[PDB]
Structure formats: structure tokens, C-alpha cells
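Take a look at this single chain in C-alpha cells; it is the form solved without this ligand.
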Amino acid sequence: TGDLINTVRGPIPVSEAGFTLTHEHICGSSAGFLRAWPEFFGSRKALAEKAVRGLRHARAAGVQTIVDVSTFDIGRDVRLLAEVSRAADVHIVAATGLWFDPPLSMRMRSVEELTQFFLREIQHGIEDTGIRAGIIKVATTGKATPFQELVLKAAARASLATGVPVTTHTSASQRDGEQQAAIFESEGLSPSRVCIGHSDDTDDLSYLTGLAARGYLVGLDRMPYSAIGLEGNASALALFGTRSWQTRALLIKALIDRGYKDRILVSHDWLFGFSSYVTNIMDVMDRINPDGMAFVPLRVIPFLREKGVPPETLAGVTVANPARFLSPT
């Protein structure tokens, strides 16, 4: 009671977030793309309808909130978010920050200028909507580019001024979180304010416990990603990899068994439309995981329960950890 988080429909009590998926998207796109070329997705109406059905399905499985980690450059459409949140009765936390596809107008900016843009989206509102970001999303794909270092310092500073958490995209195989952490700490950012994402893309538990031990949240946020059975498909194969969902899910238990239950955030990195990759990737995806954002509570949570993870532990991971993370601190 007392603490609040911003969602696309206004403020909610922290305690009403409930079961929360911390890394999800309604639509993975590009800035301006959904406005310029809605037919790519059939129509905007078709997109919203598919998102509403998907989200009601997650709601029926026990999902109360998702964090849509779409930034500016993932083509975040906060009006679409508001519309489907409202229609499906699922809270949606919107993001600021920048992913790894920023245009020249962002790439030419300084750390001061980025900080001011992130603070705008958190404090003033996204665009002209008054809808406020509840999270800052950042990305590296390997060693940070010079511009990526600016983004990470500007994220740290935005967070320090507002108490809003930071969440990252990594190449997990390249152990990006270790540099991400060094950059954030050089800015005085508490590791409890930070989630290192796509961390289930690796089984390097030396890497993952090293981060957990320092206080970072470890985002095991790609649960249904697997190209097993589709090795013919080279694009599915590079995106989803060759590890099963059970292998990914085993990581949750491995971290719990090593004393890190409070450092884990679980999610799907699911979407309902997807323009920033090959055409029809969304059909491929929907065949791999027809349960969409219900896969975690239908499949992953019972799998953990059956392996002996206590229900209080599982509640801590899916409710307490998100609440503590999203709570402005």
C-alpha cells in the first residue's frame, strides 16, 4: 500500500500489479512504421484485435500486468497500448530508453540530451499523450558502441532522478551484462534498479550468479524461444536458437537453488505483431507458441512446481520481484 507505478491507463497501486511479465511487447516495429504502413500487419484494427485476444488469454492464465519494453525505436505506440490494455483488462507499463535501432536524430545526441529525452517520457509523458513511462529500456549486442555507452549513462541518470528501473537487452553469449553493470555503476546506479535481460539465452551460471551476487535482477525473459524442429529455417534458427524451453526454465530453478530467488524476473519477450525481422515471422512464432503470453503460467510455473520449487517461492518470483523492481526507488 502507498507506492505507485505508471501504466498506459494512469497510476496503479504497486500491490495491484500482481503476476507481472517484465519483458513483453505488443508490437516489435520501428518508429513511425505502424502509422505509415499499417497494412503490413493486415490493419491496425487486426493488430489490436489479435493483441486483445492474446492478452485476455494471458489474463485467464493469471497474468495481471505486462511491461511493454518497446522504446521509441521499437516503434512503441502508446495509444495502441492503452487501447488493448483497456480492452483486455491487463495493465501495461510503457518504456522509454533506446534499443539497438536508433535513427540519426537519436544517434547524434549527447548524454545530456538523451537524459532530457528519457526524463520527458517519464515525467512529462510520451509524445502528446501524457502517458508516462514506468521503465527505461537499453541495449547492447556485444561490446557497447560509443553511442550505446551514452544511452546507458543517460538511462542511469534518468533512473537516479526518477527512481524508475532500467532493463537491458544483451547478447547473453557475449556476457554483455558485465560491461552494462560497469557502465551503470560508474554512474552510481544501484544494481537493484537494473535488470540484465535475455539472460536465459546462455547457460553460463558463472556469468549469471556473478551478476545476481552483485544485486542485479537477471531477466530470464525468453522462455518459449526455441527453433528445435525448424532447423530448416535459418531465420528462426538465429533468433530462437537450439535450446528448449525446459532448458531455459531450468535456469530459474538453478538460480533459486543457488540462493538467488529474489534476483529473478521471468518473461517471454512475446509480441502480437513483428515488423523488424523477416516477413511472416509472427506466423512461425505463433506455431512454436500458440499460448503466447500464457506460456509461462501454463507451462513454466507447473514445470517448476513439479520439480519441487515451493509455491511461495514461485509467487515471490512472479509477483514480489516485479513489484519491488517496478516500484520507483
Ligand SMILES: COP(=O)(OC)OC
Contents of the next structure:
2 protein chains.
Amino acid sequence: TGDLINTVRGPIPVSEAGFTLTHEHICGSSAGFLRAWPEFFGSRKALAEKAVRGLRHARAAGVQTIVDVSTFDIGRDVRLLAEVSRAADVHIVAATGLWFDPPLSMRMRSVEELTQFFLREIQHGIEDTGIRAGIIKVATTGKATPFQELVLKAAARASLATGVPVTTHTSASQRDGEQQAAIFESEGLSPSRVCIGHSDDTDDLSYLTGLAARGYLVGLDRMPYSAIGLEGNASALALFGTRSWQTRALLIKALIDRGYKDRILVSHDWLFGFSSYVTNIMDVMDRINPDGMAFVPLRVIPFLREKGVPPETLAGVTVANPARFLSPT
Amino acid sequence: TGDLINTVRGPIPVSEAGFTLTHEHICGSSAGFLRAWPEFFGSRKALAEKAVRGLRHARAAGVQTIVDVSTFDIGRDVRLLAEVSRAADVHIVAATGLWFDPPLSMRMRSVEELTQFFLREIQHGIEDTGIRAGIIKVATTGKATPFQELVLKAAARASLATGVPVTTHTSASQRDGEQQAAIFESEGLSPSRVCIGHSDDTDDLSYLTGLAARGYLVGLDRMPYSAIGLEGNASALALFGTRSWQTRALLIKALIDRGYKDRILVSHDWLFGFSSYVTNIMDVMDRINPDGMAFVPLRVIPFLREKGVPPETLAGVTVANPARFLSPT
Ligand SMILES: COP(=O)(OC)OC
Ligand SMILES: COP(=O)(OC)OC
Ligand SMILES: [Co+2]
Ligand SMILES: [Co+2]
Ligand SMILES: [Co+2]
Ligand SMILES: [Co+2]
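Could I have the structure of this protein in the form solved in complex with this ligand, to go alongside the form solved without this ligand above?
Now the full complex is given, and it begins with the chain already shown.
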């Protein structure tokens, strides 16, 4: 008791986070896009309502908290998060940091400048809302760009100053986590403050156990993603991959079986609106996974149970690990 | 009389546009940036006040209207434009279109989709403000990217539907205007609806007269830009160039001398805040050109007069040409 985390509705006790999905999005978009072209999503109203239905469905399945890892450049709209959080009665933790679509006004910035920006969003508030970020999101897609090196160093500095954790997008097949780890450690950031994300996009357990042994959290965060049965859709294939949800879920068990239960975070990387990819992609996704953010509790958790993972272990993964991760340390 | 143009304060008669600077910016930034990190500019308040002082200075020098060609991805803040327009009593025409920093949510769009977006900003209003764009801004930096081909076609379609003109960023040294022209004409857009911008960045009169003969407007719109005396500043050199303002201004006379007075538009490409380039660049620019958007009327127009350009011709360039260009046709 006593430890607190910031959500879009304000502070909550860490112990009330409960079952927490640590890599999700209300809407995957771009800075200013929702404001400039809400009709892309039908309307802002239609988007919010869809998000409220989806979060209510997750809540019914036992999800109490999601971490929306949408950064500035994912077009994070914190007012939208707050609205849907309130309507669905599900906690949402907002993010700072930068993903892999930063505009020139970000790309031109120094590590010092970026640190100040991340600190602003954590300590002061996002935009003019006073809503404070509870996580820092960063990204590579292969070897880090020179700018991405700065971003990861700035995330490390902001984390050290605030205790807020860092979470990453990787190209898992290219093993980005290793370089990400190297950069974070060069700034003196504790691996326990870092989740190496999209780690379920690979079956390379050498890579994954290497990270876990070093104390990193391993983000198995794309559970429902599969283009099996849709191979004729090039865009669906490119983003979903050809591996089944069961294949992804088996990695949770594999890490548990190898002693790393405390190093695992599970999520969907789901969303309710999606403008940063092909038109109508949301319709494809909703067909593949009608359960949305309830997929983990409804399908993944029982799958693991039936494979013999003990309830106490499953609770540790879905409640205790996120709590430890999110608590400012 | 009778013809109207949309400004950030609402409709005005074309005849009240008066002396008009056709390629300017209040702030060169990125989508969402001003909202997310206003402290970059000191504050939003400091930015607005600086812009009001600058526009008042231009007004005193005889400028009655500026066209702010900031697109969505230049971080156009139409509320800011309206505030500074009202305080300084200078008309500001806002822009739609896309510059060369579009985010993924724009880059993934079809020509049809982009056309709908440009039409939204012209016919419905920008964001939730009801403020309507009076120009469409587009860009290449060398040969058009596949996405830029779509943007230029979408601009052509939106222009045909609304009568609003199109204005361009070029890499003038690479003669981008020729391909831009080809794409516009392939959509059946009249060259009289198009200004090929940054054309004073080159002294290639073969290129420039080629465009003018075809009926394009030629944007000599970077008048005060020179890094002469600052050659040891790599960033200043890269954006300003090594040609004097007099060299740039001579192109206005050169085009007049060759019969193309009606095909010329003159501006500064100035701004009062600048986040899409190196930190403190605004301080360098303010040192090079303390007169800001008064530089054209105070320095360029008298230079031309003294070189023998008749007052009636100078009035045609600064009043009649913009009026014809901006009037929806
Ligand atoms: C930011 O959106 P995303 O994480 O979609 C789930 O990737 C485009
Ligand atoms: C959009 O800003 P700019 O036209 O600055 C004058 O170029 C970066
Ligand atoms: Co990602
Ligand atoms: Co994601
Ligand atoms: Co330009
Ligand atoms: Co410009």
C-alpha cells in the first residue's frame, strides 16, 4: 500500500491497478490528426463510443487497467483517454516518449531538450491538461537511428529522475533489445525499469532469455496478432505475421518454464482506431479478434492454465509484474 | 468588387487584401507541437506577442495581408493565427495541403482521401474552428516521392473543386517546378492557379521564364535569406544560402524586364517561431533581418524603384498579382 501511479483520471494506489495490460492503445494515429480529421474515424464520438464498448468488454473479462503507450507522435489524445477511462471505469496510464514517427520539431532536438520534454509530460502534465504520464515509450526498427540513440538516452534520464518505467517497440526479429539494453545501461538505468516490447514477435528464446537473465521485463504484447487465413492480404500479412496466437502464448509458458515468471509482461497492442496504417485495417483486426482487449483474459490465460501454469503464477504475471513495473522506483 | 477570400477572421473582399505577402508563416513547427511543448517558444504568450509586434511592424510598412502557408504538418495553429491577426489588424489567409513532413496517418492516404481532407479545410473549416483555408500548400525536395505525386494531384483536385490556388515549396536548384507543373497539368489545373515557390533560390532564368511563359506564378519568396557574413555557421549556411538579398531582388527586375510582371509574387518566407530546425535559429534570423516581414516594403521595393521599376508596376506585383491569385477562380 502507499505507492501511487498516475492515470488519466489522476493518482491511484498501485494496489488498485489489478489485472493490467501493459502495451495497448485507444487510437494509433499521428500528432494533431484526430483534431484535424476526426471524420477519418467516422467521428470523434464514434471512436470514443467504440473505445468505451471495448474497454467495458475488457473490464467484464477482469481487466482493471491498461497502459496506453501512445506517445505524442502516435497522436495520443489525453482528453480522449480520460473520457473513455471515465465512461468505461477502467484505469488508463498515459505515456510520454517518442515512437518511430517523430516530426522535424522533435528530430532536431538534443538529448537535453528531449529529456526536458519527457520530464514536462511526467512531472507537469500533458499539453494544458495536468494529466501526467506514468510510462516512457521509445522505439527502434532495427539498428537505432542517430536520433533514436538520443531518444533512448533521454528516456533513461527521465526515468532516473522520476522512477517512471521505460517501454520499447522493437523489431524483435532483428533483436533490437540488445542494443536498446546497451544504451539504457550506458546511462545507468536499471534493467528492472525497462520492458523490451514486441518480444513475442520472435521465437528466439536465446535472445529473450538473455534479456530476462539481465533483469529486463520481456513484453509479450502482441497476443492476438496473426494473419493466418488472410495470407492474400499483403498489408494484413505484413503487420500481423504468420504465427498463431497459440505460438505467441507458448512463449509465456516457455519463459515461466525457464524460471523467468517475474520478468514477463503480457498484452495485445490493440486499438479502437487506427489511422497510421492502411484504410479499413480496423475492420480486418476486428474480424481477427472480435474480443479486442478481452482476448488475453478470455483466451490466453485459460490456454496457459490448461497447459498447467498455476493460478498463482498467472496472477503474478498479470498483476504483480505490472505493479512492480509501474510503481515509480 | 464582390469577389471574396477567406481569412482567419472570416471573409474579406478581394479588393481589401491590398499589399499582400504570399508566402509567410507565423510559426514553422510541427503538428501538435505548440500544444505539447509551448515552452520551446518561451511560451505561447511570448510567441503571440512577438508575432503581433512583427505584424504591426509589417503593417506600418504598408503590408495589409499575409498568406500563412503553414500546413497541418508545419504545425499550423489557426487559433494562434486568428489571435495575432486580430491584435495586429493584418489579414491572414490560412492554408491547407501538406508540406514535406507528413506523418504516417497522412502518408498512408490515397489521392481520394487527401482530396477529401483538403476539401474539409477549405469548405468546412480547420479542426473545430470553422476557419477556412484560402490556399493549398504542397512540396517537393527534388523529384517527387510517390506520396508527393498523390499530394500534388489531390491539391489539383481540391483547387478545381473550389477555385482556391495552389502554392509550392521547391528545391529550386533541382528545378522541381517542371515536374510539379507536369503533375498539375495532368489533372487539368490551370497554371494561373499555381505559384511555383522558392524560385528566388536559383538564378536559372531559363527555368523561371519557362514556367512564367506557361502562365505559372513565380514565387520569389525568400527575399531576406542570406548567410553572407555567417559562413562559419553550418546550419545558417544550409538554409539561408550564399546569395545576397540584392541578388534575389534582381530576379524580380529580371522577370519584369522580360515581360513577366504579371507572373511574379514576392515574399520573405519569414516566421516568428521556428521549431522544425536547429535550436536558437530564430535568434540568427532576427539578427540577419530585424525588419522581419517589413523587409520587402522597406528594402526590396525601394531597391526596385531606384533601379527604375515604375510605381504602377510595383503596385501590380504586390497588390494586383496576389488579388488575382487568391480570388477563387
Ligand atoms: C501506434 O500504433 P500501433 O502500436 O498499432 C497497434 O502500430 C502502428
Ligand atoms: C515551415 O517552416 P519554413 O517554411 O521556415 C521559414 O521551413 C522550415
Ligand atoms: Co509497436
Ligand atoms: Co503499440
Ligand atoms: Co518552403
Ligand atoms: Co515556407
